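Shown next as structure tokens: one chain only, the form deposited in one PDB entry.
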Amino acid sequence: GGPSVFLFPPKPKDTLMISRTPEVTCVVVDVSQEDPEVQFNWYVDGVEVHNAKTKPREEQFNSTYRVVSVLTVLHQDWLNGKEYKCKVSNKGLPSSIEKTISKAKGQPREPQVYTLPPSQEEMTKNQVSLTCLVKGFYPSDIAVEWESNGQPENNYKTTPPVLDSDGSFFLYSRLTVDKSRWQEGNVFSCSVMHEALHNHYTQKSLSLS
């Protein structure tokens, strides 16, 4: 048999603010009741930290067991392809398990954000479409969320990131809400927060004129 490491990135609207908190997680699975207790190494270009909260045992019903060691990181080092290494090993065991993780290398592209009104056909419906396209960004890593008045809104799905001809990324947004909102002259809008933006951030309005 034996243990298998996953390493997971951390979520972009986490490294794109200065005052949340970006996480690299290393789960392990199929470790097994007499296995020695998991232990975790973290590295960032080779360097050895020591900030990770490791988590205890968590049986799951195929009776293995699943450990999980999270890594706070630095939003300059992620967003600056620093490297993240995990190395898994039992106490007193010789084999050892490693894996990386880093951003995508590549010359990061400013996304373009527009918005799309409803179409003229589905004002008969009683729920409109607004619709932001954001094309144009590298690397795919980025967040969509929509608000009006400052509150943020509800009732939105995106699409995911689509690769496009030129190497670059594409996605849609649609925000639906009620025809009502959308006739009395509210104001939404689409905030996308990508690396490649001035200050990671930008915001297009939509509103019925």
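Numbering follows the first chain given and starts at 1. First, how it differs from the form deposited in another entry.
Two rigid parts of the chain turn against one another between the two forms, and the hinge residue out of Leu79, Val162, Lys105, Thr131 is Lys105.
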Second form
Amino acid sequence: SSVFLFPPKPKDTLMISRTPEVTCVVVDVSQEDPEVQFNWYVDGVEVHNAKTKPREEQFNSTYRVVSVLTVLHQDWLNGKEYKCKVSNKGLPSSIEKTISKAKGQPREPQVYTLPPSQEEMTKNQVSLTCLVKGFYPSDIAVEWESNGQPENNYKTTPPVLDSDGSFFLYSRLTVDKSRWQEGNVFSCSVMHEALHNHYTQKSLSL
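Provide the structure of the form deposited in another entry, given the form deposited in one PDB entry shown above.
Partners and other molecules omitted; one chain follows.
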């Protein structure tokens, strides 16, 4: 049996309208194993409002179990520690995993958009780049849109630790050259705790 503990999604912690939660996952549960149980703690204080799903077989003939705990936004953002403790009913062993927001003064992401290189302009598709740098902690969401509508054809690097202790990443949106040369307006939007309203967006066009 092996245990994984996952943080809330950056968008959830940052929107008053959304609900952040932490997720505790147990794999390699033998069909023989007694009921997998969860005890959840917030800064050492046990809480009882988690939601556990029955075990589910996997493509390797093992079972998997998932417990979800809703968190308060300010609790997560204030650096509270979430601990999941996993055991089997009537056995003594336990495994504990903990997760919390990185500690340290939050720092505002600097967001810059970059057009395609002239050398790439010879191709049928071109790259639109959004540099996001100087942010702390690394929890962040980056999306693209055009003329107000979500664009999907992008990939974003993981946050990378910079020499000054902040993070940066790049997001690359691929578009048809014709759409770029038509003058369409593309936008990068970034959500982060150290932004006003937790949100900023920057435009990019020819």
